[PDB]
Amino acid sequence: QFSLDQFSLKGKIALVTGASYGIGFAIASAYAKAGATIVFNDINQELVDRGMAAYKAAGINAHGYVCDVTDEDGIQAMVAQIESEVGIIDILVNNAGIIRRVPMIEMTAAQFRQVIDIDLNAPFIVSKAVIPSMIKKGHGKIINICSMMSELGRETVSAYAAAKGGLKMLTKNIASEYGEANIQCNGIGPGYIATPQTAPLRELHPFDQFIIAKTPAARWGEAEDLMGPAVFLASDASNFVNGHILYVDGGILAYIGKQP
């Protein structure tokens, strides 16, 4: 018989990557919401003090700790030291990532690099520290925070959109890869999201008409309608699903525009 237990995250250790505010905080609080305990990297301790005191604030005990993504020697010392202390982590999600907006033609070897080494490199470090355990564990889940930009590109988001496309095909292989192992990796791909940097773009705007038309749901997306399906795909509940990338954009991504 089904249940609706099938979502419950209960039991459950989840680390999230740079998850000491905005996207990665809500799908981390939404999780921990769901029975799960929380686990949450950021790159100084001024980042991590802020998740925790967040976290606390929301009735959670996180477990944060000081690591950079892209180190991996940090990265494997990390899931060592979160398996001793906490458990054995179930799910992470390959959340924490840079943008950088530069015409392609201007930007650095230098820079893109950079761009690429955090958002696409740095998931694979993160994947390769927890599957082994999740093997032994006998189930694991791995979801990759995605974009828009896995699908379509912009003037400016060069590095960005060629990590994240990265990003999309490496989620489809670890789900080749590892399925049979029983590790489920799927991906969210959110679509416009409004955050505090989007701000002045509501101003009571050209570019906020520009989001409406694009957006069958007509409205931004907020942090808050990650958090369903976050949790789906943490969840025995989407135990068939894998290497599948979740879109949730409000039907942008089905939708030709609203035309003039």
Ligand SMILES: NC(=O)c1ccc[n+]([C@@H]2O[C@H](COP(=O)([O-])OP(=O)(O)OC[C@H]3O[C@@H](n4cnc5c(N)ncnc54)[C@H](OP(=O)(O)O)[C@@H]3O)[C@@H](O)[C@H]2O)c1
Contents of the next structure:
Number of protein chains: 4
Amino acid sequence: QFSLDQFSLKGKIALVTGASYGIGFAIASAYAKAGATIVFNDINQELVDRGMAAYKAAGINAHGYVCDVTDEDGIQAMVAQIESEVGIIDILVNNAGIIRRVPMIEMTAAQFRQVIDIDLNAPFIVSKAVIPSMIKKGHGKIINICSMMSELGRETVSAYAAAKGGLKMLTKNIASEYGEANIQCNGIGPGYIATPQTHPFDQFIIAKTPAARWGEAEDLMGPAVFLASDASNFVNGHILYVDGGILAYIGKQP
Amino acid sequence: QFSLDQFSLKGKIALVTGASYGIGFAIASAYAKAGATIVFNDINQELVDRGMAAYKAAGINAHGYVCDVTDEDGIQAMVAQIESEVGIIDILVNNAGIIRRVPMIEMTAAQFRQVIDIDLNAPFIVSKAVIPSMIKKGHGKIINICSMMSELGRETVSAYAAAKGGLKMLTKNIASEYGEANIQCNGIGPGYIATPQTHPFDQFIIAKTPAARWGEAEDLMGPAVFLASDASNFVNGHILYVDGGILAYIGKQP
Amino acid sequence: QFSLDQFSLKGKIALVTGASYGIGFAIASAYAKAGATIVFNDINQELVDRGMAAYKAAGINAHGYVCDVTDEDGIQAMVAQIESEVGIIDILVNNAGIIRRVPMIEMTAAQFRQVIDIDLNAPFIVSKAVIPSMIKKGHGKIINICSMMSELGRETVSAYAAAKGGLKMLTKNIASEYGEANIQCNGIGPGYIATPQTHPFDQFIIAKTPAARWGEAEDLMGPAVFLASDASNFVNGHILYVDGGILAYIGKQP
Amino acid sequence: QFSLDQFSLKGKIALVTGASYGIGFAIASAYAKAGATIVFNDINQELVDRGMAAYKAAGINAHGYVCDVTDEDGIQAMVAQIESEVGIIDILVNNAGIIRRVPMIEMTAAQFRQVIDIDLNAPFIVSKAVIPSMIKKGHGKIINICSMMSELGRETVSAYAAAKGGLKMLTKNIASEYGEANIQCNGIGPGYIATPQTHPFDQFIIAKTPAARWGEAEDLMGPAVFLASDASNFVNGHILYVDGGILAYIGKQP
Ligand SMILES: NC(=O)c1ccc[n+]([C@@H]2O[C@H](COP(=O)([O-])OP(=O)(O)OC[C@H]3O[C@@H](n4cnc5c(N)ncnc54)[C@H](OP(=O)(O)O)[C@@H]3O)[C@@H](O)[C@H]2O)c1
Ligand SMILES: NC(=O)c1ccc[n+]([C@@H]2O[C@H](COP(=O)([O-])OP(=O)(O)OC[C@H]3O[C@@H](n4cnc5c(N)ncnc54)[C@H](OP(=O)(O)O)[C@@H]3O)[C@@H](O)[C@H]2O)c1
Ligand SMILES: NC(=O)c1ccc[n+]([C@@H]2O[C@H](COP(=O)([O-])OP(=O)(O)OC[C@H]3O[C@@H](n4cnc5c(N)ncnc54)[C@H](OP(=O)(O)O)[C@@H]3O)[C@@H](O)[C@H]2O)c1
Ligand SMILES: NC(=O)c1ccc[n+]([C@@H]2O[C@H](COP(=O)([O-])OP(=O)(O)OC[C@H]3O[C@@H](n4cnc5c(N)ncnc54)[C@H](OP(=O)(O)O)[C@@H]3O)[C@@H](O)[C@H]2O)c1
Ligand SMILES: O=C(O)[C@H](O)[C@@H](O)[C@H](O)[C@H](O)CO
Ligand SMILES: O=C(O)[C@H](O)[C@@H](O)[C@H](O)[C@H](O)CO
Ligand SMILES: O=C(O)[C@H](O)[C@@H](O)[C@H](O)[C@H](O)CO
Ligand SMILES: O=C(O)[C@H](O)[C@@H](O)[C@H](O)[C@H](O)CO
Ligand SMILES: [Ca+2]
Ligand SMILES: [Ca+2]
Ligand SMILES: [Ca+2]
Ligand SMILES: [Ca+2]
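Switching from the form solved without this ligand: structure of the form deposited with this ligand bound?
Let us now look at the entire complex, which starts with that chain.
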């Protein structure tokens, strides 16, 4: 018989990568509010300290680790520490990422490769590191933060789009390969999200979006909790777009 | 600040079409459990009486109406009655449908047209009938029950696939056209669902599905509540597949 | 060993529905230039006479018939006449269609149903009528003229989008069901095509399109010949978009 | 006015990467037959010598170079040599690739990264190297060899699927970013192709495929020539699947 308790993350541990601020912080905050214990990593101590204070201010007793997501040995060690200090990771959110804006033919091979490493290879490293324990626990969730660039291209973001497209298929592959072990791997694909770090451009976004507003990180919270919960146990290899209708809409024409 | 209350349908009224048994009944039951008031229709009194008893047995005080979903005048009148006797419909689930299995070249034009009328035209009639009041209430949800046949074809189900493909685009169109009025129109696309009314075929389904089991109507409840709730307010024109990984998977090969 | 002759339609007969002017005329003209014999239908004698003169002026000896595509008995009789007077139809292009622009809630059920009948049901009627002879000939092609509205919605075009979405799935279904009989059924999905019957709107289209121009009916000719030919024999249930990059592009932002 | 000459590659130079045997060789052979001058690269002299002899036997005067596609400096130098010895590359086919079959959690980070480097990063390197000259010539084509794994996952092929998914989005990005410079970048996505280097598995493939046969490299020739030619000039950011209907079909059930 259905219960709203199917949405609850009580008793579960979630690792959200790069969750010191922004979208990762918002998803982790919502997870905590839904009942979860929060663990997170970032590239330096300063960012970790920032996230730790922000969690504390929100009433959340988070566990923060310095670790590069592209460092497999580092990640494996971090997961080992989390398991001994906190418990088994039930839910992984691959949120850590970078973006570069550079005309493709101007982009150096090193810079292209670096965006691929963090945005595509790293979610494989982290997923790889958490999956064995999820299988033994008898249930896992892996939520990959995708993008509208998992679907559509744009000048200057070639590396990013290639990575997010790859991450979309990595999601479908993990679902296919580990679905039988009761791992659900899905994507959240944010539309246009109004960040601190961001008019004709405003009119442009508003026109493209049926909802007729920018999204906010708060719009991602419900969808992210749904995918981390028992309420989505038969949702697998699926990219949940949270874009107020952008991907469905040809656009507001004159 | 996030709350699990975003998943609650307390204080809301949902119309689920054809919800006397099966998947419609399961979605309506879950909606009631999530807090909603349930209204539903079916083609004859007998089916309505069946649904009414089943709701009562589940502890749900449902409101049932005899109405053909392809009868616009009938539907408009029914919505008028629901508004006077129960209240404004906040949530519509276009669940009523038929399927026929007939080689396409053997299918009569009347039979093709009939599957189209019920499975595609009727959800437009019903959506049309509820949208004006949703706009005035300041929020609406329309959930269209799609299919894997919204994406993939099969021998014998030409009319059904054409209808479900159409319903997929009708969903994206309603999102595009009414998203600005705070209507979210989305799809639920069930995978293989074990019904009462249904081994090498068993092996076939199990192999195709990463989850390695048939779905059940219970698997649709969490996804359907999510789409009817405030937790998905920035999800629009989106087809949520609930298939245990089928659409993501090339298949279990020898 | 590969030959460019794989693109040739020499010795083949093509039926293009509604091919008296516009996109249908351009596809039929190209088919004739590629070697094909052209047959076509339209709703009245006047349109047929128009197409007949235009073909003659282009050096093409076309065969024109008055027939409503929603009239199955009429279509079956027309195919019977074409078979006795011209030969077996090797290639069908479902091009005939209508569009209406009407806010969905303002659209009458009759008008919705009429767009569905012509744009979705009729291509099933016509496909049904040609498939038996294609199977006996040992090869058939059916090209369905889809739209960007097979993928994306817009205000005022609800019925049209629902039909084109349906037509997309009808294409995939015919492929699935008749592919084994050596029928290839595919779609052509035109982007923005500059028609006679059509500035900030100009800037809008140009920005949305990587190619940075309106498409023209001439842009559809190569893709349509490819799909009607031996060069695409292993292409089946596929929607070939011809849009200069629109569907791939998030858009030219400020 | 349409001509079949729109399919001709006369007067054009094509670079097909890794085209010493297999699918690359078949596409290059067809390109030569369509009128093109053939250049190709492979990882060692032995493979190059093999391709060179096979071209000669087919009546084709190919130009072969030893170059690793992941070596940007090497690729840039090779393109410089091709330009001085042969001419400007009008058409690039990113065909070079590797596949590994390894359960994801068993896959080393080095091996994952290597499949990504060759199958995703390398097509960016090669595209980057040819685009400036294409722009100056006033027309370019880039055809990326994708896969059904650009769309669907499977056990053991996580890295490959992630790369091909990425390559799909890289294609759409190049289209978006360089479409205005009259570059058309598209994908060919082969279905199941019977290779030398390859029964219940036979029954499995035959059932999944509406065409009810394995594909062959010859099935890719027409689609590949179409995408390299003037006949597809308004086709951009598009993945042309050549799979006999697999992606359109739910499967042949018992
Ligand atoms: N509009 C949007 O914001 C938007 C839209 C769609 C999708 N997304 C995706 O949403 C996710 C997060 O978005 P956001 O904008 O809030 O944050 P964003 O700038 O990606 O940063 C995410 C976090 O990842 C961390 N990080 C970067 N590289 C790392 C590494 N190698 N190892 C460990 N941590 C690393 C960052 O540290 P630093 O402070 O040093 O960078 C940052 O704290 C990303 O996957 C992004 O691509 C964002
Ligand atoms: N495996 C599955 O069951 C599956 C998988 C994917 C999608 N779906 C979709 O899920 C939805 C419901 O599935 P289901 O299998 O539980 O039920 P299903 O047999 O479609 O029946 C749904 C209800 O619709 C009613 N109905 C039919 N025509 C009507 C009309 N013209 N006016 C009003 N009501 C009408 C039916 O009455 P009757 O008893 O007289 O038919 C029945 O009570 C449908 O849209 C279906 O296409 C089902
Ligand atoms: N921008 C575009 O033009 C565009 C873009 C994407 C897709 N398409 C699609 O391309 C196809 C043709 O486009 P178009 O703009 O050149 O022509 P369009 O106006 O659809 O007209 C096509 C032809 O269909 C005929 N027709 C309509 N209903 C019929 C019926 N019931 N029986 C027989 N014939 C009928 C029309 O006669 P009437 O003169 O009486 O209408 C006309 O000659 C259509 O499927 C359309 O939806 C067009
Ligand atoms: N069933 C299929 O065959 C199938 C289906 C779908 C897609 N595809 C795709 O079609 C393309 C070619 O298929 P295929 O099976 O004929 O060949 P495949 O084994 O990928 O080999 C392609 C060629 O790429 C060369 N290559 C590998 N790494 C290279 C590098 N780093 N630098 C330069 N060249 C390199 C290979 O040399 P080596 O001999 O040393 O490996 C080989 O000659 C690939 O992109 C593949 O992923 C194949
Ligand atoms: O060029 C850009 O800035 C990108 O397109 C962003 O606007 C994306 O929308 C976002 O980073 C998606 O993930
Ligand atoms: O031929 C059939 O019976 C259909 O393919 C069903 O099995 C569908 O899976 C279901 O009705 C989808 O909506
Ligand atoms: O509202 C409109 O006029 C439609 O959106 C057209 O512009 C379409 O682009 C074309 O008819 C597609 O088939
Ligand atoms: O595991 C495998 O062997 C792969 O799935 C192949 O069968 C693919 O079909 C082909 O390599 C696609 O590119
Ligand atoms: Ca985005
Ligand atoms: Ca289904
Ligand atoms: Ca269109
Ligand atoms: Ca493949």
